[PDB]
Amino acid sequence: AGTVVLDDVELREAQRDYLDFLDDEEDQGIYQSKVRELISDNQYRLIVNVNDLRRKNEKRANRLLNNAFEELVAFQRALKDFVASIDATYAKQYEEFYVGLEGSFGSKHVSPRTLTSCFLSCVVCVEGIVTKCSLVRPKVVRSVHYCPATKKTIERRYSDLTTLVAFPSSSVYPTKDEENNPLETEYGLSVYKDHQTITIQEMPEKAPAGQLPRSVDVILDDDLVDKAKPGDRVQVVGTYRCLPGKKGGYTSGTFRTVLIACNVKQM
Amino acid sequence: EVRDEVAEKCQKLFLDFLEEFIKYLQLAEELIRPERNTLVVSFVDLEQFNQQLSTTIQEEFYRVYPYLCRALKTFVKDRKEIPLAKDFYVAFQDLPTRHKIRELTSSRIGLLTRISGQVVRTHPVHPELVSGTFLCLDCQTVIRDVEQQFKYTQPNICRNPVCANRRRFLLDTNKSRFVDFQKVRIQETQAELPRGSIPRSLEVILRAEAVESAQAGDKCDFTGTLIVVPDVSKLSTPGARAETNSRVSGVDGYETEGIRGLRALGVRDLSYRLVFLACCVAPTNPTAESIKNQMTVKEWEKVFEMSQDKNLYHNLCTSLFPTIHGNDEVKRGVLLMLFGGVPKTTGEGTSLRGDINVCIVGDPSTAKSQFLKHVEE
Amino acid sequence: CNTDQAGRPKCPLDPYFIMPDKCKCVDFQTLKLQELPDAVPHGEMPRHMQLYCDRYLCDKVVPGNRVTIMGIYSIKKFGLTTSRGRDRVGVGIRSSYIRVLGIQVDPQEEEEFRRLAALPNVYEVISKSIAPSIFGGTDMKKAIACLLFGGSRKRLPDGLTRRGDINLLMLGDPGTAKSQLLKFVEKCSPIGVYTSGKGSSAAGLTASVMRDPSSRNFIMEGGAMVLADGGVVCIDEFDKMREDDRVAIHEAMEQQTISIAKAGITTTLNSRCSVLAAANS
Amino acid sequence: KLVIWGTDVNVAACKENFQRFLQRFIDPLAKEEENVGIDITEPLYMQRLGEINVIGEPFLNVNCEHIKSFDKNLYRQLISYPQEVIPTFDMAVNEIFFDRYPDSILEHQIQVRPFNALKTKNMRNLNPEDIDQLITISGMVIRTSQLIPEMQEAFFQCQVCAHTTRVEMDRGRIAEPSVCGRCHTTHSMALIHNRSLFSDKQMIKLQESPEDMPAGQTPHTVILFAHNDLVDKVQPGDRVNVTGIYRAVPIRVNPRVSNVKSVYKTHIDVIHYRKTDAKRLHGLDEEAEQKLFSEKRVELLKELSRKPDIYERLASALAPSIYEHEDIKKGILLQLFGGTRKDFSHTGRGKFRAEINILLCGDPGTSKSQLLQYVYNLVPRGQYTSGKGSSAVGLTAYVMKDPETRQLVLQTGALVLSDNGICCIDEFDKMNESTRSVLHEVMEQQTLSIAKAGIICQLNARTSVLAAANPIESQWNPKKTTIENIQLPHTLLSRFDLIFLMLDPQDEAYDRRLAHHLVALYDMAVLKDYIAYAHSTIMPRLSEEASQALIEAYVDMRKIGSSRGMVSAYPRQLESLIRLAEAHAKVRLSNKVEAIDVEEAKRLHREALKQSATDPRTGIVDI
DNA sequence: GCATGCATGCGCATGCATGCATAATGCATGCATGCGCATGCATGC
Ligand SMILES: Nc1ncnc2c1ncn2[C@@H]1O[C@H](COP(=O)(O)OP(=O)(O)O)[C@@H](O)[C@H]1O
Ligand SMILES: Nc1ncnc2c1ncn2[C@@H]1O[C@H](COP(=O)(O)OP(=O)(O)O)[C@@H](O)[C@H]1O
Ligand SMILES: [Mg+2]
Ligand SMILES: [Zn+2]
Ligand SMILES: [Zn+2]
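Protein chains in written order, with the entry's author numbering: chain B, 2 to 268; chain 6, 17 to 37, 44 to 308, 321 to 411; chain D, 197 to 302, 316 to 490; chain 4, 149 to 670, 683 to 783.
For the record, the hints were derived by calculation from the structure and aren't laboratory data.
Backbone N, C-alpha and C define an ideal beta-carbon position, used for all residues, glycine too.
Be careful, since some hints might not be right.
[What the hints assert, rightly or not] Derived CB-CB ranges, DEER-like: (1) 267 (chain 6) to 309 (chain 4): 26 to 36 Å; (2) 85 (chain B) to 277 (chain D): 54 to 64 Å; (3) 705 (chain 4) to 118 (chain 6): 43 to 53 Å; (4) 581 (chain 4) to 343 (chain 6): 42 to 52 Å; (5) 171 (chain B) to 425 (chain D): 30 to 40 Å; (6) 255 (chain B) to 440 (chain D): 37 to 47 Å.
[What the hints assert, rightly or not] Derived BS3-like pairs (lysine-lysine); straight-line CA-CA distance at most 30 Å: (7) 28 (chain 6) to 122 (chain 6); (8) 381 (chain 4) to 269 (chain 4); (9) 407 (chain 6) to 490 (chain 4); (10) 427 (chain 4) to 267 (chain 4); (11) 207 (chain B) to 363 (chain D); (12) 247 (chain B) to 218 (chain D); (13) 247 (chain B) to 273 (chain D); (14) 272 (chain D) to 248 (chain B); (15) 337 (chain D) to 60 (chain B); (16) 122 (chain 6) to 423 (chain 4); (17) 149 (chain 4) to 220 (chain 4); (18) 179 (chain 4) to 455 (chain 4); (19) 241 (chain 6) to 490 (chain 4).
[As the list claims (entries may be wrong)] To be clear about the criterion: a stretch of chain D counts as covered by chain B if any three or more of its residues have a C-beta under 8 Å from a C-beta of chain B, and this derived list gives those stretches: (20) 207 to 215; (21) 221 to 235; (22) 429 to 435; (23) 472 to 485.
Starting from the given sequences, assemble the full structure and let the hints guide the process.
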């Protein structure tokens with residue numbers, strides 16, 4: 002697709018606002034030492050207090066709580082910019098960095114029983130116990146192939162959940178050359194990331210007496226794979242989104258709602 | 017069902033006319055032969071029999087005529103045994119009024135008129151559909167007796183309530199109903215021309231027995247109807263058009279845009295043209323044995339009186355050219371050319387001329403074109 | 197694809213995909229309703245109905261409530277699908293349901322209370338009000354009244370707590386009007402549970418925990434003690450209790466909490482109940 | 149409602165205004181010249197309504213300027229929004245007619261037709277501000293198509309139970325029922341065209357004759373649509389005035405698609421036709437009706453005719469700005485009157501030419517061209533051709549195909565448009581033999597025969613020819629004879645009724661008179689009415705005295721023209737003498753031709769050719 | 001110079017290769033849960 006965007010006032014202004022938020026030169030901020038600690042520890046994500054952001058810039062906090070995905074993208078872009086600024090060498094290792102959230106969310110502090118469609122597409126906080134966990138599985142991101150017949154190597158890029166909706170043109174594994182010469186997959190050069198799924202239930206101590214419990218399903222990405230175990234009391238902060246069903250003609254009109262974690266805390 | 021009062025009364029009165037006022047029984051006796059389909063009825067007999075019936079038929083010709091056809095069919099069926107497949111038609115001759123070609127207007131559509139004209143062209147004869155039979159391609163239902171009028175018309179809708187098919191049908195030609203067909207062109211005569219105007223041209227249509235007559239170059243009177251037939255490429259600009267009364271709107275993804283919306287509402291362009299259907303064709307002004327038989331006793335008396343006169347050589351010279359003075363030699367030559375000789379053929383395959391050709395050369399003003407004009411007249 | 201494209205090549209068949217992030221969503225719930233036992237015909241199985249709840253009608257009803265519902269009687273519409281299963285007798289039957297439109301569940318008073326409580330004679334009035342139909346036992350009635358009012362709980366900086374509720378015992382001969390006082394207490398208190406030893410007909414005295422094998426969820430069943438918080442529990446037949454309940458009630462009475470541990474789970478439940486027990490010789 | 153959306157028109161106010169005006173209006177300036185057959189002292193339009201009741205014509209004609217004189221608001225509202233104003237006028241008139249004359253039988257109610265909107269502007273000056281407004285046109289009709297039937301009410305029949313319904317057209321579209329009314333079947337209703345109701349339509353093409361002309365503007369063609377009774381009220385070659393609305397229509401991209409073009413088309417919807425003109429003579433339409441109510445004018449003209457010198461007076465009144473050549477003007481007047489149109493079909497001879505063809509042969513330095521221009525501008529149905537500019541196919545008729553519709557097989561030429569009119573041919577020498585071949589038949593048989601592929605027809609070309617010619621050397625060389633100077637075939641020359649040999653005598657009195665007249669250069685209605693009355697009210701006939709005078713003139717002419725060098729005589733000259741005598745009889749308003757007319761015709765014939773001064777045995781003109 | 005020949009020129013019909021427009025229904029699979037069975041653990045007397 003050759004379509005590109007030239008100007009966008011909102012996105013550029015939000016990126017500038019986050020750039021000013023994470024400067025910490027004329028202020029008593031600490032995020033600079035946090036970034037230096039991340040570089041020292043080879044980790045690739047940051048946790049930022051929501052109350053701190055609201056104190057410094059209330060409008061940005063309101064927009065981020067009300068709208069998650071675009072603001073999170075702007076955060077990640079700003080992190081990439083400042084990591085490049087402080088030490089451009091370290092930013093080469095990882096594609097993109099991530100943002101965690103922390104602080105008192107207030108009204109959005111929501112129990113698994115009180116999660117509703119009113120909080121869709123926003124960042125929510127939930128307290129619960131872990132009941133089901135699944136095995137860690139790798140997922141392909143970048144694929145590399147070699148052709149012994151013509152001595153040529155090719156690479157294909159994959160982006161499935163990066164974009165909201167995917168199409169059959171993507172997510173196709175190449176196996177043959179343009180002249181039907183067989184290709185040999187080379188697993189060393191490819192790129193994979195880990196994936197896990199967990200389930201969280203409202204704690205029996207908090208649930209009303211005599212009533213059945215209610216649960217939420219969470220997806221854990223590459224960094225947060227081993228941070229949870231069954232039978233554990235945790236607090237999860239993350240986005241609440243709908244799940245796109247696969248292609249079909251007739252739809253009943255009922256989506257599946259899945260919480261995508263950004264921060265997992267052992268209370 | 018719903019019936020028509022005027023049609024029933026016209027049927028009853030026309031049956032009374034055919035049974036009471044009998045030449046028409048004698049003509050129905052001839053109607054047995056397979057080459058005859060039409061009954062010829064004199065209109066003065068209708069006028070004498072019932073002025074009310076005559077006025078009703080004149081003011082309601084198109085609406086009543088098919089029912090008179092059924093009455094005639096019942097009459098011939100009662101009088102004789104004829105297979106039900108054959109059809110029959112009615113004709114009228116002696117209208118007491120004439121109408122000029124330009125006097126034909128939209129108010130006269132459907133009534134009985136009589137005009138005069140000159141034939142210019144005749145097309146070949148073809149069979150045509152009258153009432154068709156169709157088979158539905160989805161539910162295999164048979165639909166019979168669909169009227170074609172003046173266009174190839176399919177059934178409006180499949181008669182099965184659940185099917186509702188209006189686009190896919192097959193035609194079974196074996197069960198269908200046919201009629202002969204021929205097209206002719208006529209032109210307005212010179213005597214009817216107004217100032218600085220080109221003669222008007224009209225199309226005439228002949229069905230079944232009347233197809234034979236009206237050869238090219240004739241100067242004939244027609245009696246029939248004036249009927250409207252649709253046309254295609256008349257409107258380069260949008261005009262009057264049809265649509266459906268149902269209050270139906272589109273849905274997202276199937277919005278009634280231009281082409282799809284026009285096709286969904288069944289929009290058709292209302293374009294039309296004027297066409298004349300003829301039921302009676304006559305000469306404007308009317321095998322030696324046949325010619326002798328055609329002439330009446332008084333005409334034959336006149337012919338015989340002319341035959342045995344020597345002055346026929348002289349008097350014919352003066353009769354055709356009364357005003358031209360002298361030049362009797364040219365008059366005699368022109369008469370001899372008019373009568374002509376006898377053509378013959380030889381045994382070797384050659385042919386010999388039987389016609390005569392005449393040339394006139396003269397000084398100016400010697401009445402040279404008067405002979406040409408007199409022979410043309 | 198409804199786009200005018202002349203000169204351009206055209207889109208294929210069935211080219212549409214649903215975008216999930218650009219949709220408006222609302223809450224959805226289904227309920228199961230049973231015929232009232234008060235009106236079920238004799239010797240006939242009860243009938244059932246399915247209810248649809250949208251938006252703000254959700255979570256307004258808890259299972260076990262007696263409700264009156266106003267709605268629209270409808271059928272499901274998911275296309276003209278073919279019948280399934282090995283039984284195909286029924287022809288042209290659409291599952292029916294009810295679309296719920298309305299639900300009903302079956316400071317001057319403060320001025321009056323403040324005016325009343327200021328009197329010095331309120332003690333006698335309250336003592337008289339406590340079961341006036343019962344002869345004698347004025348001291349017993351006053352003890353029941355102060356039971357109903359209850360004490361005050363006090364947490365401490367060390368994290369230790371001290372009980373703020375009152376526990377009473379009544380031992381006596383049969384026919385001494387003990388059960389009637391317990392029933393009056395159960396009715397009088399804003400929250401009250403009346404039980405015997407060994408629990409009740411279909412409810413235990415203490416809570417229990419199980420694990421659902423199909424979908425792994427830790428379910429807890431409400432007991433007679435857990436179902437009450439800040440209420441009064443009247444207990445007949447104190448002698449018939451089983452061993453497990455007898456051991457648990459020690460902690461329930463002392464520290465007002467119950468502790469249950471099973472494979473992969475450890476939980477502590479709150480039970481802040483006043484105890485009013487009766488027993489025989 | 150007080151006002152109509154997009155306008156300021158009130159219905160009741162305009163209705164009352166029109167009803168009052170139909171009773172109140174009186175104009176003193178309109179004398180008996182145009183207030184014809186009406187008592188002027190009485191209101192005019194009420195008298196018109198009374199005359200309508202007398203005759204029963206369902207149509208009334210209203211002049212706009214009278215309404216403007218009564219008030220300006222009504223005039224402006226009628227011009228701006230004809231659609232909201234005219235229907236009110238119809239009912240306003242109908243109520244008055246039915247109240248004053250109850251139970252008068254009519255087939256339909258009264259419809260009002262405005263006329264004479266004051267606009268003297270070039271049509272190219274029209275602007276979008278004037279879309280859907282009332283305008284006037286003065287022009288000539290060249291093409292009229294056949295009638296088109298257009299539907300107004302559709303007839304539907306139920307195919308299942310024979311139930312029949314009628315649907316009236318609304319907003320130009322017909323909505324056919326999708327469900328029956330007695331069996332409730334869907335889509336069982338079929339449309340039958342012949343049972344429906346239709347109306348007539350006609351398309352006309354008109355050639356503009358603007359009063360104001362910019363620099364370098366080509367001629368214009370205007371498309372008009374005429375409906376109902378207005379059909380067949382005009383014929384090609386007629387010069388008319390038209391009043392109608394100005395429209396705009398979109399054009400389809402191609403016939404098979406419904407897309408329309410952005411640039412709109414244009415046309416004019418005719419409402420009113422007028423034939424009267426204050427500069428040209430009366431047409432044949434008004435002559436065929438009894439509209440000579442002006443008995444005062446009739447008496448005045450009949451008294452004038454008895455005066456002796458009126459003939460010369462007419463020759464004086466034919467052209468005020470033209471010189472002493474009285475013989476030429478007398479010949480042109482006799483041409484205007486024309487001979488009697490006898491009927492000879494019973495004889496079998498064919499048509500007999502009853503008109504007058506004249507030739508003027510002279511040097512270019514004369515006034516024959518001005519005479520042709522004046523005759524062209526004076527008489528309706530006039531055409532002008534010049535030399536090689538026209539071709540043989542340009543005259544008569546030519547094969548065409550419509551640029552708007554499929555076909556228009558034949559289209560008339562210059563000569564046919566001149567039917568019952570005058571054709572002026574200039575530079576007759578330069579015309580090729582191909583066109584002279586056509587002229588040979590046109591000038592005598594009054595008919596044309598065309599035989600081409602699929603086109604065999606005979607047309608009427610009853611025209612009168614005024615031809616101009618020059619000497620071969622552009623000088624009248626006296627050494628050469630008349631025939632050598634003219635250089636035309638005798639067959640073509642014999643058909644001319646009069647031949648005028650313009651010659652320069654170089655007389656001093658002529659020079660003085662012409663110089664004085666030309667430097668000094670630095683009743684028409686009575687003449688028009690007299691010419692129309694004489695042309696439409698009298699049939700000349702002659703007695704035996706005129707017969708013998710004509711025979712004597714013929715033999716004398718044959719004796720004189722026998723000698724070579726001069727133009728010889730032929731029997732057609734006798735018929736020319738007859739036609740001139742009949743025209744002179746018409747001039748005197750006499751049904752009987754006297755010997756005076758024959759003698760005058762002989763005198764004109766002798767003087768036109770200058771045979772008196774010409775030397776009979778050498779063919780050389782002398783002075 | 002006038003009479004004739006004629007190479008150029010224009011508009012509307014059909015024939016033929018490419019190109020354009022259309023367009024839901026039936027069958028299969030995995031998740032939830034009842035019903036019969038044998039082992040085994042825990043609880044009395
Ligand atoms: N012999 C004659 N008898 C009667 N009329 C004649 C005679 N000769 C000539 N005419 C008149 O003279 C005219 C001759 O013109 P026309 O015959 O057309 O000449 P051409 O045919 O040579 O061109 C006719 O109108 C005719 O009436
Ligand atoms: N003092 C009293 N006043 C009123 N009713 C009494 C009194 N003593 C006993 N009764 C009646 O006797 C019955 C006592 O039965 P119950 O209270 O169940 O005995 P227990 O509590 O010992 O099992 C009650 O129904 C009560 O109506
Ligand atoms: Mg001739
Ligand atoms: Zn069907
Ligand atoms: Zn019906």
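The hints, checked one at a time:
no. : hint                                       : result
1   : 267 (chain 6) to 309 (chain 4): 26 to 36 Å : violated (19 Å)
2   : 85 (chain B) to 277 (chain D): 54 to 64 Å  : holds (57 Å)
3   : 705 (chain 4) to 118 (chain 6): 43 to 53 Å : holds (48 Å)
4   : 581 (chain 4) to 343 (chain 6): 42 to 52 Å : holds (48 Å)
5   : 171 (chain B) to 425 (chain D): 30 to 40 Å : holds (35 Å)
6   : 255 (chain B) to 440 (chain D): 37 to 47 Å : holds (40 Å)
7   : 28 (chain 6) to 122 (chain 6)              : violated (33 Å)
8   : 381 (chain 4) to 269 (chain 4)             : holds (25 Å)
9   : 407 (chain 6) to 490 (chain 4)             : holds (18 Å)
10  : 427 (chain 4) to 267 (chain 4)             : holds (18 Å)
11  : 207 (chain B) to 363 (chain D)             : holds (22 Å)
12  : 247 (chain B) to 218 (chain D)             : holds (16 Å)
13  : 247 (chain B) to 273 (chain D)             : holds (22 Å)
14  : 272 (chain D) to 248 (chain B)             : holds (23 Å)
15  : 337 (chain D) to 60 (chain B)              : violated (63 Å)
16  : 122 (chain 6) to 423 (chain 4)             : holds (25 Å)
17  : 149 (chain 4) to 220 (chain 4)             : holds (23 Å)
18  : 179 (chain 4) to 455 (chain 4)             : holds (27 Å)
19  : 241 (chain 6) to 490 (chain 4)             : holds (26 Å)
20  : 207 to 215                                 : holds (count 4)
21  : 221 to 235                                 : holds (count 4)
22  : 429 to 435                                 : holds (count 4)
23  : 472 to 485                                 : holds (count 6)
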